[PDB]
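Since chain E is already given, all that's left is putting chains F, D and M with the ligands on it; use the hints.
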Amino acid sequence: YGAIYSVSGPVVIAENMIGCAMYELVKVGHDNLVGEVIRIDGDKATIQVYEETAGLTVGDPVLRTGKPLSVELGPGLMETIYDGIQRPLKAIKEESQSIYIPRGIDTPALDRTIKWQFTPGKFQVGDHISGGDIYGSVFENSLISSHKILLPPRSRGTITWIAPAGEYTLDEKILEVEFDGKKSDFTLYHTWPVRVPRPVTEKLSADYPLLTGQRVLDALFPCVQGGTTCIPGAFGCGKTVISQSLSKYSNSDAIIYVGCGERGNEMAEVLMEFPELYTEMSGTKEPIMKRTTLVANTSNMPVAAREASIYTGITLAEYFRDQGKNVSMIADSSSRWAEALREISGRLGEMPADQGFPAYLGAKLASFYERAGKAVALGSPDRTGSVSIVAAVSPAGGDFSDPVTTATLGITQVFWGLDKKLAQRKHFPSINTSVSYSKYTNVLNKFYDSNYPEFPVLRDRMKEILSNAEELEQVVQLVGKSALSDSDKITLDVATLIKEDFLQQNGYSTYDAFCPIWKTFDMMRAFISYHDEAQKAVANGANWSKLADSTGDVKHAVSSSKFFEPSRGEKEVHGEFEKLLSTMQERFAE
Amino acid sequence: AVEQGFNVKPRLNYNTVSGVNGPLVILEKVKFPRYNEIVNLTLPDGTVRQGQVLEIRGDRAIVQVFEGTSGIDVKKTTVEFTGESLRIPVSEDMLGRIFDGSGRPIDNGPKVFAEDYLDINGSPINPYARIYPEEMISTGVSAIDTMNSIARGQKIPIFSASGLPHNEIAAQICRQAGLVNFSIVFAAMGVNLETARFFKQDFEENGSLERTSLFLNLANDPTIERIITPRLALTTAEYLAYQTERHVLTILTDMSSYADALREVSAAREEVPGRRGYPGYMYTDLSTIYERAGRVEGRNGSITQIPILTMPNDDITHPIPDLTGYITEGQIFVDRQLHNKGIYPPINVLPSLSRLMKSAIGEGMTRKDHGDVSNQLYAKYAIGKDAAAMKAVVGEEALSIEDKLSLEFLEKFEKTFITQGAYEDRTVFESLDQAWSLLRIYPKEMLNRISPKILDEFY
Amino acid sequence: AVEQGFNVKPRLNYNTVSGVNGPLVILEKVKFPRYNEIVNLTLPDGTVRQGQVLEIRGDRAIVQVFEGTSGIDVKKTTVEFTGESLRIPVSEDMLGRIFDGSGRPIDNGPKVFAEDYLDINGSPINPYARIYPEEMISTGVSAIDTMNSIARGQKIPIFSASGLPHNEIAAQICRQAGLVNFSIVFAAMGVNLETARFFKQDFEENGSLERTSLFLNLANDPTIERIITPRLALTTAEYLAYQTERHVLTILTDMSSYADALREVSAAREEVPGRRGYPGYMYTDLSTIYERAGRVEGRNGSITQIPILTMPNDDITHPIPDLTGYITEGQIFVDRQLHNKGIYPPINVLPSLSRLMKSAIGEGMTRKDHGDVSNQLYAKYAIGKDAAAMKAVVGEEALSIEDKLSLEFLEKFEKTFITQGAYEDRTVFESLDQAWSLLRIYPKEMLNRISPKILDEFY
Amino acid sequence: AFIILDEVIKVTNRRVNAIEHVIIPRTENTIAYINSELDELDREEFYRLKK
Ligand SMILES: Nc1ncnc2c1ncn2[C@@H]1O[C@H](COP(=O)(O)OP(=O)(O)O)[C@@H](O)[C@H]1O
Ligand SMILES: [Mg+2]
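Residue numbers (the deposited numbering), protein chains in the order written: chain E, 24 to 613; chain F, 15 to 194, 207 to 485; chain D, 15 to 194, 207 to 485; chain M, 155 to 205.
Just chain E, same shape as in the assembly:
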């Protein structure tokens, strides 16, 4: 039982506290505001309070909880909204019955009143169970039809008693583990520190791709189920829109939408839009909120909660990976996580290193990003999970020289750079093709050879065409496009068509909200075939002006290929592109 000796804002300094440990949650103030000890200068212990410090006096009691920042992993978190810590916003609103968030409210992270259906696994009484093993399967939602009740890691022993199949709550004990003499009891849920990576048996090389839906991403700069991506760009540029596109339409079996340093209306829009959309991943179409978790931390919440929400989201995604679900966490404003870190460092007084950011920014970002990757969860039965980290970065002023942008760029494998010039012209997704890259093409060659063999060649051809046309456009701006070669004009026209009808899609329009892998491959083949036909016909001797005048119909058909609706299914859409290739081949004869 300590006492506040200083407040000076969000960072209280409680005195007469011996035995404290770093990043230990104390209960500051009479309202039991939670905190995290971040400097122990002897008896005193600097504490970053996760709530609004306004009224804390010198002499209020501070007590040490005896546990680092821990989330309540378990069934009950598949449609809820969580604050920077793990506090159900719906439960807070239903309990306090107020439009605001009550200060220091203590609501359990999981609903203890919901009776969860339980069905025991292959493990029986007397068997030797290891941490991470499965001993149950709780039916949570229609989409999450089997929430495996994992035995907590770093907790093993011999099963002494297991509950039979029935409806249990989150507080009723389900398993009794003998362990080394001390018979522990395990309920449905289990806590786990957020800054400690969840154990895995062995991480693997992520192979299957994360189908973002966006043509630019999924074609030129692909991501894999388990990869780390960044989407840096100034305010605007569509970082949040790309994030929500991968949140709505993706191949992931679960998703944690972290919103650190994000507008409250962004979370409101997510909560209003997600229940409308449906996916057929399960047997029948089910709402998105049955497989989406929101760690929503608005920008006005304390910077400590901004720091904590990233780790809470990543550890929830790690839990759902340990269950064997291909998760794709989408962090929003990792630059705002870095800004919260910078503010905390400034309040502490630590010397900033790069552009005001703390020196350990790179270490923190690496520790957060390394939690990703496909991995086999420890314990039996074996099952493979994945945590794709699609984190959005918002560098100050739109310059990619920011310290957070540089650290994230060095750490991650994919980079969907956005350009303010393209964003302002409403050329969304506004991907800066020159700078954007993906290091997962070498891995994805295998999947492409399996599914769409011509995809890597077409992607390389389009990248070469875009680079050549960028060089030609620079030369045109330099020299007034005087007596340009016929092939050069062909490349310029084809690349302009590609930029205006393949790299530009309205993510909110019904037809181009989601471009599947098959549709984008067919469109890529159509564009490449059009370019090749123009090249061959002009090399035969045809003038490019007359050829364009004659093939304007084919060009308009290739343009309308973006208007082709993917809702018709593969059979209808693939046949439609078959006619386009036939029409394109017909113009070659003429």
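To be clear, the hints were calculated from the coordinates, so they are not data collected in a lab.
Some hints could be false.
Stated by the list, open to error - Straight-line alpha carbon distances no greater than 35 Å define the calculated DSBU-like cross-link-like pairs of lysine-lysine that follow: (1) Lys-90/D with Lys-206/E; (2) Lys-443/E with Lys-394/F; (3) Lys-504/E with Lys-411/F; (4) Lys-504/E with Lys-417/F.
What the hints assert, rightly or not - Here are the computed distance ranges between Cβ atoms for each label pair: (5) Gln-460/D with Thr-533/E: 53 to 59 Å; (6) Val-419/F with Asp-422/E: 20 to 26 Å; (7) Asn-474/D with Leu-203/M: 52 to 58 Å.
Claimed, not checked - Not close to chain F: a few residues of chain E, all C-beta gaps over 12 Å, as computed: (8) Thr-142; (9) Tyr-272; (10) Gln-558.
Heads up, the beta-carbon is just placed ideally off N, CA and C, and yes, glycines get one too.
Positioned in the frame of chain E, the structure of chains F, D and M with the ligands alone reads:
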């Protein structure tokens, strides 16, 4: 039944002052100091100045004096600790009242008969209790009503510079900001008497004094009260919009001056500074101010912030406009180049943005062509700017037919579509029709951004 | 030799821990705290964490424990002082093993059976004992081995952007490096885990591990271990080359990551950042790390170095590239344009050069035509780039014969010569034969930089 | 053809002279001014950190 309590709490008068560094007064022997607590500094002259506690040691309590530290001594200055944070007396009678930066009335009227005392800092509105703003405000400005739409519950600042008519544009929006009436809570933070008188005259002529509240912290007023003014105005707006179910249109002006006040306080505290000396927590403070605007579940009211931000050197990369654009839901960009060209409103549509346009400019709410027309106008205006640069650098004859058409489109877009003049009141549908008249210059083949169905229907 | 090691030195266990600020652990009442002394903290939970002391005072040491300070308690935290700085147990058998950032083997094999304990800092090489690099190290990368030669004992860095395959080129060079005995020492710092496993399986499955002492340091691995890793690699290289008489060719990866680690280590000691946030003594630290390489007169071994940087924002004016270019001789550039246009290696020869190339490309070593062929290839590649730019300006037909042939050479050069499979090995002689095959599309008179005797004998 | 070539050559030579004499000093001076301004900002940040 409303529960309000009669209670008398004695307040300690601390004569011990041990430092008056800058705008900060440092006490020495405070008994159990309370963070963010209002104190009254009885000067030796006799006048009392409000103060707020920014940091407490074991016995010290650093106090920032809102009315400045000019005239504060140590021997005869007594600090009276009120024991509670600042609570502005809010009432439905505040409409039609003109208050100072510290909430004291200056309209030659009585002190507000308090209906309740609300904390200035407020509380974070529950994200689950928020409503996505979908109702589009049909501001008379064509450059806004089209191509950057404002909704009820949006926080859309006006990024301007020194000399640009940001005051005129915001006053125009306030005059004509109906749906496709709005109560106004106007917060003045260090603006000059010219701007304050313009706004007051603007409201009186349009009849807004029946339903407006002004917090005029003029340039003559102390600079530290620029910190307290926006919180007062926004808690008044929150009270009206939620507890009264009104539709408040909060108009903050000189948020750059507010940030300068923060920098003055941050520099005095010797805290570790951010970019350009601004506090490292300026993002959090600006977010706390901005995020007090939006619609709330159950309540039938809303807050629509339009904070007039003046970029210091017309550079959007400055920390204040950067953080404001990162926090808020868009921005209205006022262009010095357009003002030099003589275009009013000089709203540069390209840097301007409205994140709620996507949901507020759909079918049903407005015409089915709003989004397509906005995207096409944006694309053609960008092409026009590129063509103007090409004409400036390379010879004009080298420009293609598309380049010449796009130059003509830029000329008629800036000189006929953006140019509106005050009191014009272009309806959203009329603005869309004029935008189509602009887009009819191009053949239907060139209009890539327009969907084929809309192109067939409206061209 | 090493016989004084038969001494048992008791280790002081200090329970006294004054403060725990950030990544540091501030002790108190220490007996005699040696600077840079390795420290083994014992957390109350029982976990042991290594540490290195940063600042020393009177009976007070600031220990910068690895893996952060999460869990460090003042009351119960034993601190064990190893009265010696960090040292690695070098051996001739550590060729074929993989070690962590701290020098701990992460192979399935045992801890390395020591032959000596060398201080990781090392001692500067006597300039009077240093020898000008003479012979060539053959690299499978034809572009490097032909146009930017690597001489035994020089420091030639590879400059790359973030997305370019600098790590893949590093693995290729480590797999295919050889003399035209050899023992590569590989150090990767701040490397992503996918790239680390890529290095693991590549070196294990291509037989390159029997000659490589791989030093992998993960991005999530301790930052002080990231500092230590290049020192470890250079100490192992010094051992092998000078006390074993073999050639090493260390390949340090992510000098940008090492610089960021240096940034964090410097700012933890309360030091102002230098120009771009990096410490001012970054030049001295990088000079130590680089100049730890080179040949010596007494010994027949050599230490070549290929520190592979990652230029932030692809800026050469960046401090890490600037200081690396200053200290090292030559530079190899990986080009984003080349990466977009094609496949490995995206190395462009126009900005990439080797300063001691003339020594490596000699008469007795490799072939006598190497210098002439490389100069001719560079000149004709420059002319090909000029012709490619000129074609879109003055039309394809109007280009001269020496420009059309140069364009054809540029195509066959960027598409066949530079373009190399990630697994195919090109000897120096085979690369020169291919270079001649490209150069034979010209008339014998066109090739002007090549000596007439070489032209008569090879063309 | 000679007249057209003379006009084109005159326009091109005027363009080269303009590019060099105007743009290259202009862009070089802009680069120098930007470098000086960011150097001043870095110096101010360094002074604040030293304080
Ligand atoms: N793919 C897209 N399709 C349609 N509109 C987009 C797309 N990407 C961005 N936008 C537009 O950009 C605006 C703001 O983008 P947003 O993602 O909110 O920026 P930020 O990343 O700064 O949050 C939105 O109003 C939206 O209409
Ligand atoms: Mg966002």
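Structure-based check of each hint:
| no. | hint | in the structure |
| --- | --- | --- |
| 1 | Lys-90/D with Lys-206/E | holds, 27 Å |
| 2 | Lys-443/E with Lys-394/F | holds, 27 Å |
| 3 | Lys-504/E with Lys-411/F | holds, 19 Å |
| 4 | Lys-504/E with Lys-417/F | holds, 13 Å |
| 5 | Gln-460/D with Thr-533/E: 53 to 59 Å | holds, 54 Å |
| 6 | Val-419/F with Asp-422/E: 20 to 26 Å | holds, 25 Å |
| 7 | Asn-474/D with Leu-203/M: 52 to 58 Å | holds, 56 Å |
| 8 | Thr-142 | holds, 31 Å |
| 9 | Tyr-272 | holds, 17 Å |
| 10 | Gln-558 | holds, 22 Å |
The earlier numbered hints are all upheld by this structure, with none contradicted.
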